[PDB]
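Enquirer: Residues per chain are reported as follows:
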Amino acid sequence: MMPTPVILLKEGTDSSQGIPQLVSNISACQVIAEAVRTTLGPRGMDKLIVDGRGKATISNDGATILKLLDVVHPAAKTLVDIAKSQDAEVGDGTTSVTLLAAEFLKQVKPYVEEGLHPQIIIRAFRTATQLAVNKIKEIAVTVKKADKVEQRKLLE
Amino acid sequence: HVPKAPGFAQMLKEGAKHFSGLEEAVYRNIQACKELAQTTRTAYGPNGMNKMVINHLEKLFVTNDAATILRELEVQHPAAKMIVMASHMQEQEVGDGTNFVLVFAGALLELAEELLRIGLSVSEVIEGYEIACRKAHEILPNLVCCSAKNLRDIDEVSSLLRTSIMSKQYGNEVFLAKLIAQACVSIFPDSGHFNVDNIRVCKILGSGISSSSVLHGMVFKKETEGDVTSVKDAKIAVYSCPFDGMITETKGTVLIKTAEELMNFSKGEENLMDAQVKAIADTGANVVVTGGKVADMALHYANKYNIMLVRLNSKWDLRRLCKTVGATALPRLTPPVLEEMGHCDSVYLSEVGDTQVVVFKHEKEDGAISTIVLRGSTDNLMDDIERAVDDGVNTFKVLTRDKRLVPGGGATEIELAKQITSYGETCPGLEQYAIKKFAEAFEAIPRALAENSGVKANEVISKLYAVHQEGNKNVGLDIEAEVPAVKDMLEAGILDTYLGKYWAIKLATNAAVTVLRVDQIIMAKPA
Amino acid sequence: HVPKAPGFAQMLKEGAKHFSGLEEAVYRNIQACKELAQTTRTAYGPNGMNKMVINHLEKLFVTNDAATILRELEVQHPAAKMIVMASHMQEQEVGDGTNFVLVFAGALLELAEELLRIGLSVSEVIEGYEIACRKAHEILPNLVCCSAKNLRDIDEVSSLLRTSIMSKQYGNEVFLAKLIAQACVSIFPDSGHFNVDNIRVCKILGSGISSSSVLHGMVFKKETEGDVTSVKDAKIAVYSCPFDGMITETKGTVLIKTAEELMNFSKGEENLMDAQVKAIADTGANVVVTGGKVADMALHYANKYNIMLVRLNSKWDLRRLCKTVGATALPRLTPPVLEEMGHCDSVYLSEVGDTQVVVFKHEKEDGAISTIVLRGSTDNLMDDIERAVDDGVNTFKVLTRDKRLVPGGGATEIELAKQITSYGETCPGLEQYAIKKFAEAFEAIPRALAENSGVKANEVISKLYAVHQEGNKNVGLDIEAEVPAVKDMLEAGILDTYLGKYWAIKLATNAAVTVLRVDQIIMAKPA
Amino acid sequence: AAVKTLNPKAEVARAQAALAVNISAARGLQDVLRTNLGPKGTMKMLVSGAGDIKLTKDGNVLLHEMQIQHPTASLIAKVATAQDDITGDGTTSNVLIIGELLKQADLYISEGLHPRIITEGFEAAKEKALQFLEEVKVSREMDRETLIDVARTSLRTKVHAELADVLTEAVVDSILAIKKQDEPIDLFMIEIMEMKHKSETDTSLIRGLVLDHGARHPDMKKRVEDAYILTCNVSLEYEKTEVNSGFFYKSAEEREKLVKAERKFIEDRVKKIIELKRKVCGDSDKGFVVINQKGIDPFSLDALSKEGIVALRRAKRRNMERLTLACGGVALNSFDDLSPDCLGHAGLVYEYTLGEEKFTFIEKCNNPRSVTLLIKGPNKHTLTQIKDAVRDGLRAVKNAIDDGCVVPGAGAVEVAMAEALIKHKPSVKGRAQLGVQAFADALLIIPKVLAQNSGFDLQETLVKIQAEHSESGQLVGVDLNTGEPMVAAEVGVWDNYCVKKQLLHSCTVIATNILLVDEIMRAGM
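Chains as they are written, first to last, in the entry's author numbering: chain O, 1 to 156; chain P, 4 to 530; chain J, 4 to 530; chain K, 2 to 526.
If you're looking for bench data, these hints aren't it; they were derived computationally from the structure.
Take these hints with a grain of salt, some might be off.
Unchecked claim - Cut-off 20 Å, straight-line C-alpha distance, at most; resulting in silico cross-link-like pairs (SDA-like, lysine to any residue):
{"hint": "1", "chain 1": "J", "residue 1": "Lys-260", "chain 2": "K", "residue 2": "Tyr-250"}
{"hint": "2", "chain 1": "J", "residue 1": "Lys-20", "chain 2": "K", "residue 2": "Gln-68"}
{"hint": "3", "chain 1": "P", "residue 1": "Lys-16", "chain 2": "J", "residue 2": "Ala-12"}
{"hint": "4", "chain 1": "P", "residue 1": "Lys-7", "chain 2": "J", "residue 2": "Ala-19"}
{"hint": "5", "chain 1": "J", "residue 1": "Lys-7", "chain 2": "P", "residue 2": "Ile-134"}
{"hint": "6", "chain 1": "O", "residue 1": "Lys-10", "chain 2": "P", "residue 2": "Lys-62"}
{"hint": "7", "chain 1": "K", "residue 1": "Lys-10", "chain 2": "P", "residue 2": "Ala-8"}
{"hint": "8", "chain 1": "K", "residue 1": "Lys-377", "chain 2": "J", "residue 2": "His-91"}
{"hint": "9", "chain 1": "P", "residue 1": "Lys-54", "chain 2": "O", "residue 2": "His-73"}
{"hint": "10", "chain 1": "K", "residue 1": "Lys-359", "chain 2": "J", "residue 2": "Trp-319"}
{"hint": "11", "chain 1": "O", "residue 1": "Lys-77", "chain 2": "P", "residue 2": "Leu-63"}
{"hint": "12", "chain 1": "K", "residue 1": "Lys-278", "chain 2": "K", "residue 2": "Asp-303"}
{"hint": "13", "chain 1": "K", "residue 1": "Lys-258", "chain 2": "J", "residue 2": "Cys-244"}
{"hint": "14", "chain 1": "P", "residue 1": "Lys-7", "chain 2": "K", "residue 2": "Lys-79"}
{"hint": "15", "chain 1": "K", "residue 1": "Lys-251", "chain 2": "J", "residue 2": "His-91"}
{"hint": "16", "chain 1": "K", "residue 1": "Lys-41", "chain 2": "J", "residue 2": "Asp-522"}
{"hint": "17", "chain 1": "J", "residue 1": "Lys-296", "chain 2": "J", "residue 2": "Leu-333"}
{"hint": "18", "chain 1": "K", "residue 1": "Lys-41", "chain 2": "J", "residue 2": "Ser-456"}
{"hint": "19", "chain 1": "P", "residue 1": "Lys-54", "chain 2": "O", "residue 2": "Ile-26"}
Required output: the full structure, derived from the provided sequences and hints.
Expert: Below, the structure is given as structure tokens:
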């Protein structure tokens with residue numbers, strides 16, 4: 001009723017702004033994460049995904065599950081693209097990166113609705129991220145038994 | 004029952020619209036321009052927010068750079084287009100500061116409305132804006148505090164370009180500043196023209212930004228079709244001819260009259276192809292680059308003479324390589340090229356981001372072309388960083404064109420608003436009202452920076468004026484922390500785009516004047 | 004491509020049409036009237052043809068009498084109505100000559116068109132018509148030839164009414180003349196006012212016209228509902244009350260308290276009814292006529308006292324009967340009526356044409372009312388003959404009012420055209436053009452008689468003038484034989500109706516003038 | 002537009018546009034009525050939806066019975082309609098003046114001026130025109146001969162030039178023989194009745210009155226001489242009691258007694274009538290005619306018929322006012338004090354039937370102070386034409402009887418008045434001079450249209466008249482026969498002050514209100 005001038009600026013677009021736009025973006029990310037929630041661990045389950053032709057694929061790898069969801073939400077797509085990158089850089093970092101990213105948003109969801117300028121959210125995300133990856137390097141273990149049966153057993 | 008009003012005088016259109024007068028034409032043009040300025044206001048400043056825009060092709064583009072948002076949004080109102088076009092000229096002129104055009108031009112039109120509703124028509128408001136504008140260009144040369152003259156090396160440029168990076172890529176203002184510094188110095192034009200087209204960006208999906216680097220040369224995403232992918236001498240021949248021998252230009256037909264001619268025809272052709280490939284092998288060439296196709300016999304002989312092949316289908320990519328390696332592309336079949344051969348230091352293929360790429364690396368003759376290789380977890384991030392790289396490349400050119408810098412952070416705008424107002428106060432006429440309003444158009448700019456920073460703009464702007472009591476002229480707006488507690492911009496290191504501010508005022512003023520000069524609008528029938 | 008003409012100045016209508024101008028309004032009104040003049044032309048004259056017309060109620064009327072044809076033609080044209088409505092005043096005034104209006108007034112309108120195109124407008128043509136009309140009223144009184152004064156008996160009346168019959172009922176000019184003379188003479192008002200409403204017509208299907216007759220009395224088409232159908236003394240008592248007793252007007256309710264009041268109640272009704280019928284039986288009542296129903300007990304007593312009952316539901320039949328027999332209708336129950344009874348000579352019922360009728364025959368008191376009984380094989384024949392009867396009844400009245408007869412057969416109309424033309428030739432002005440055309444409006448009338456008679460009209464008219472060399476004034480059209488061979492009209496006996504010709508000329512002229520004075524037509528939307 | 006923002010279906014006119022809408026409609030109406038001004042005007046055929054044809058040129062009917070749908074035309078129709086309540090004729094002139102005040106103003110408003118300026122001048126011009134009107138009043142002592150000229154001047158404009166010689170006498174005599182001693186004349190004392198007998202030019206003036214109903218009993222006299230007229234509003238039909246209880250009886254014999262009893266109240270009322278005939282020296286015909294306005298049953302009619310008394314029934318409310326006066330009787334509402342003193346007198350009462358419709362004639366009264374005009378038109382539309390001419394003519398002469406003076410003729414005042422406005426044109430001492438010019442020229446629309454309808458050159462006719470007045474002292478105007486200037490007092494054309502008063506006032510109020518509208522809008526739907 002309100003934005004009803006005689007001539008519009010553009011054509012017929014939809015436009016949202018502010019806190020309700022972030023809340024919806026976080027919620028959509030929580031929904032798309034559901035596809036892989038039950039695929040973690042040696043005791044996880046497999047999925048059967050059927051396309052519009054009736055052709056089915058059975059798997060539990062996020063490299064297959066997340067590519068067949070046909071997500072159209074502008075923001076939820078992010079939790080699929082990060083699996084494409086992990087598939088190239090790690091090779092099996094699939095289901096875990098989608099779930100972790102969704103949880104990062106959930107933990108801050110109750111706070112982003114009440115002020116909390118986005119700049120400080122980014123600062124905190126970057127600070128914690130750099131700390132976490134530094135600690136991993138300090139605790140990972142290596143071997144000094146290269147070119148021996150011990151290295152072949154390590155690969156097994 | 005109830006009658007209807009008849010036609011009046013000019014009911015000869017086929018459904019067209021028509022507007023005239025202060026309320027129906029002038030104010031409506033201004034109102035549309037307000038919506039434009041408001042649309043981009045949210046993204047303004049280093050603390051601005053991103054937009055997610057889905058265009059008419061169902062593609063998703065995410066950024067905060069208005070120069071690339073406006074070209075995707077299908078603005079139709081004829082008044083808003085006038086400001087959008089000015090913002091494109093700002094991009095063409097200096098490549099940065101485009102936000103200025105929508106913020107300042109919008110403020111001029113909004114403030115013009117305040118005058119039109121109480122007093123003088125556009126016939127004097129426009130003239131008053133020009134009087135004040137001309138004075139602004141006499142103030143600007145007197146606000147210069149620094150110059151990009153000293154320490155013209157990699158260390159100083161890594162500091163000069165940061166103001167252009169942090170304005171869009173806040174958290175990467177250091178990492179990206181180091182990468183672009185390594186590129187801007189690499190093509191130093193021996194104190195000549197800085198060719199902004201000699202720095203490219205290569206986007207490869209993978210890990211985050213920290214893995215990005217600069218490569219002194221070119222990277223392609225094609226294959227070799229052979230087992231000689233590692234070349235150390237890299238004596239390079241470039242051709243535009245297809246690698247399959249000579250063909251006719253009209254038709255051509257083979258006439259055979261005896262069995263010997265039939266039997267020996269094919270074998271003769273293979274012998275000729277051997278000589279055609281040998282012609283360049285005898286010169287010591289290592290790599291043959293073409294844009295055309297390669298025959299099966301060409302691959303047979305390429306393996307005979309251990310020749311590396313690269314196919315680059317894009318004519319512009321091959322021309323860039325020619326200038327990189329120091330070679331000429333020959334349109335004719337491969338002669339024993341001696342004097343037009345190029346040289347690299349290392350040519351190799353690698354698998355980077357699950358993409359097989361061809362690298363032409365230079366270590367000695369580095370400054371021909373540089374490629375900045377970007378990594379990231381999403382295509383959306385890499386596209387946005389690439390735009391940030393462009394700003395650093397263009398900003399360097401702007402700094403070469405005019406080495407003077409004026410304090411940033413709103414300090415220049417506050418000084419313009421103050422000094423311009425003082426001039427208007429001494430004008431013994433009615434023009435003082437439009438001159439003062441021209442000054443207020445500048446005040447709107449640091450207000451926008453405060454609004455997006457989470458701080459109360461009314462108190463922030465009071466402080467920005469309070470600290471300029473004739474003896475400072477350098478304190479600006481601190482947007483890094485709550486309660487800005489305004490600080491010196493020269494100690495902060497915030498100052499840039501002097502030339503940009505010069506032309507941005509001219510383009511923004513002309514857009515506002517053009518809108519104000521429209522009193523009557525005649526529309527065609529919509530379709 | 005294709006243009007359209009805009010509106011002009013006052014397009015404020017909602018679908019109404021407008022016509023104005025000599026050609027768009029005046030001529031169109033004239034031409035519409037011509038179409039009606041042609042419609043009735045075919046039936047004009049004793050040699051005319053019949054129409055079969057079905058009206059908006061799906062009823063079929065077969066006749067040549069324009070007075071009834073025009074009443075069934077649903078004319079909607081706003082001007083043509085006026086020349087049709089004029090014919091009503093002609094029928095009301097004299098009862099004959101209605102054809103004159105469409106022929107004469109139609110001719111005046113058509114002939115005006117011949118002048119309005121070449122010269123003076125209606126403000127002068129009308130004046131010429133009105134001047135010439137006034138002159139026609141000076142010529143006509145000097146063309147009277149006979150008067151219906153002598154031998155006022157059955158044989159002269161049969162002859163005098165011949166014209167009113169042979170003009171529509173060609174083959175019956177003798178048979179019907181005898182019947183109508185018996186009806187008009189039988190109620191001769193002793194040379195006073197002739198009452199046309201004292202002659203009725205009774206249509207009974209059967210054999211041909213030769214079986215028609217005149218009955219001195221009234222005939223009804225009801226039954227007796229009794230067994231006293233042969234009455235010779237015929238003392239007639241007429242009542243308006245129903246023959247079933249009398250009740251109160253306020254409400255009426257019977258209250259009984261004990262058994263003796265119940266058991267003896269009904270006996271009171273029988274005692275009252277017996278005495279009420281006896282009251283008139285003792286006075287010699289033979290016939291009791293009522294408008295209401297008859298009770299079962301009323302029939303019981305009617306048979307006891309040998310009194311015939313007749314029920315006449317029509318109030319006009321009861322009124323006419325009382326005036327015929329010389330009785331007073333009593334609104335109350337049957338008193339011992341002494342003097343209010345009428346008298347007939349023979350009252351009986353008979354089956355005529357397979358319809359049982361009640362006849363009240365008067366042999367002594369004959370001149371009170373007459374009924375003309377018409378027989379025929381079809382309803383169409385009997386309806387058309389009735390119209391001929393009405394023309395005779397009306398013609399008799401016209402002769403009573405004005406006994407002057409004017410020569411017919413076209414002789415008067417040619418003479419009027421001759422003298423009126425001669426007058427016009429001596430008028431020292433431009434009005435002579437319409438005066439001469441007024442004369443030609445009369446010539447059009449014998450031309451219609453010629454065409455429908457199968458003789459060439461141009462030859463008839465040339466001869467009619469050749470035989471009127473200032474001293475004849477009596478030769479007209481002989482339309483009983485082939486070849487015009489014009490002869491004296493008065494030796495044949497073709498003459499009548501001075502008053503009709505006088506009134507018709509005045510009325511028809513005014514109708515034509517009324518149309519000519521119309522300048523503009525404003526149409527409404529139909530619903 | 003604000004109204005379009007609030008309601009997308011709202012209409013509005015622009016300030017430069019609303020004036021054109023208002024003027025265009027006024028010009029459209031002017032293009033209609035200009036063709037009927039004066040005796041030389043045209044006759045219109047108005048075709049209705051029932052098929053009725055009205056051949057008329059009266060300014061009021063043409064404005065009412067027209068399919069013109071416009072919000073401005075509906076306003077001029079309102080002020081025009083009022084003409085026929087207070088002055089009668091002059092409706093064409095009212096609209097013609099308004100059209101030119103709006104049309105001529107456009108030639109000065111469009112030339113850069115504010116509409117207020119022309120309207121301030123129009124008000125000033127009215128004051129000057131009114132002062133002139135006062136100076137041309139002519140006192141003719143209201144002689145009958147002056148009224149004949151008034152009647153002919155008005156009648157000629159509604160007749161076909163033959164009927165004027167008939168109506169002129171019927172109008173002058175009918176209006177005078179109503180009231181004397183300078184008492185206002187009530188037109189409700191003059192009847193108009195319609196018959197279809199003969200022709201237009203046989204309209205008669207009857208000294209007495211005619212009723213639209215006749216005897217309802219066959220034994221009543223068709224011709225009554227030396228009659229006594231009794232005008233009563235009593236009820237002689239059967240009536241019941243208010244309480245709906247009815248009769249309670251046992252026997253059939255009682256039923257008949259109840260019939261005799263319940264009717265006794267009727268005989269008590271009727272038997273009081275039959276005494277009157279016996280108290281008026283009934284040794285001769287001495288006819289007794291009773292009107293009995295309300296319903297009457299045949300029981301009462303028959304009871305009176307047996308005594309030789311003529312009784313009518315079902316008369317109109319206005320019949321018992323005019324007839325009681327005309328016959329000299331007393332209107333009774335009861336039979337409490339009946340006596341011959343209540344009876345009127347009429348020399349002859351008779352009936353005539355035309356088309357099976359009875360008309361009862363009560364004539365030969367001494368001074369009835371009420372007359373009936375009997376129209377004998379041949380056709381329906383002719384009855385309408387004449388009836389309008391009669392009632393308009395009676396008003397025209399009434400105004401000349403009420404107004405002690407008469408005003409010179411059709412163009413005799415309008416041309417001289419326009420010159421009076423121009424001669425004082427500079428005295429406004431300001432910008433209102435153009436309003437005087439527009440007003441003075443608008444005044445000429447009457448002689449200008451008259452010149453055109455009569456077929457004379459527009460410009461030559463007015464130049465000759467204006468010159469003849471300017472160089473003389475006579476109020477000369479348009480002659481519809483020669484085109485030469487002639488004095489109204491010599492040709493016999495007069496008008497009434499009341500007509501010129503309203504034309505100067507009502508046309509100024511309406512014209513100046515229209516010119517000051519600049520935002521025509523439609524809302525609320």
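Enquirer: Holds or violated: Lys-296/J and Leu-333/J, Cα atoms, limit 20 Å.
Expert: holds (16 Å)
Enquirer: Is it true that the CA of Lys-41/K sits at most 20 Å from the CA of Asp-522/J?
Expert: OK: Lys-41/K and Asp-522/J at ~12 Å, within 20 Å.
Enquirer: When you check the alpha-carbon spacing of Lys-54/P and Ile-26/O, does it fall within 20 Å?
Expert: holds (16 Å)
Enquirer: Within 20 Å, alpha carbon to alpha carbon, are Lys-77/O and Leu-63/P?
Expert: Answer holds: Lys-77/O to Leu-63/P is near 10 Å, not above 20 Å.
Enquirer: Check whether the Cα positions of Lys-54/P and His-73/O lie no farther apart than 20 Å.
Expert: Between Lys-54/P and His-73/O the Cα gap is close to 15 Å, so the pair holds against 20 Å.
Enquirer: Within a Cα-Cα threshold of 20 Å, do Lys-251/K and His-91/J meet the stated pairing?
Expert: violated (61 Å)
Enquirer: Is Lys-20/J within 20 Å of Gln-68/K, Cα to Cα?
Expert: Holds. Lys-20/J to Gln-68/K sits at ~10 Å (cutoff 20 Å).
Enquirer: Would the pair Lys-10/K and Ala-8/P pass a check requiring their Cα atoms to be no farther apart than 20 Å?
Expert: With Cα atoms ~12 Å apart, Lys-10/K and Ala-8/P stay inside 20 Å; holds.
Enquirer: Would you check the hint for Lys-359/K and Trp-319/J, treating anything up to 20 Å between C-alpha atoms as holding?
Expert: holds (17 Å)
Enquirer: Quick one, are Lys-7/P and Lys-79/K close enough, alpha carbons at most 20 Å?
Expert: Cα-Cα ~19 Å, so holds.
Enquirer: For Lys-7/J and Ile-134/P, compute the direct alpha-carbon distance and say whether it is at most 20 Å.
Expert: violated (53 Å)
Enquirer: Does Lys-260/J pair with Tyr-250/K here, judged by a C-alpha cut-off of 20 Å?
Expert: holds (11 Å)
Of the numbered hints stated above, those contradicted by the structure are hints 5, 15 and 18, listed in ascending order.
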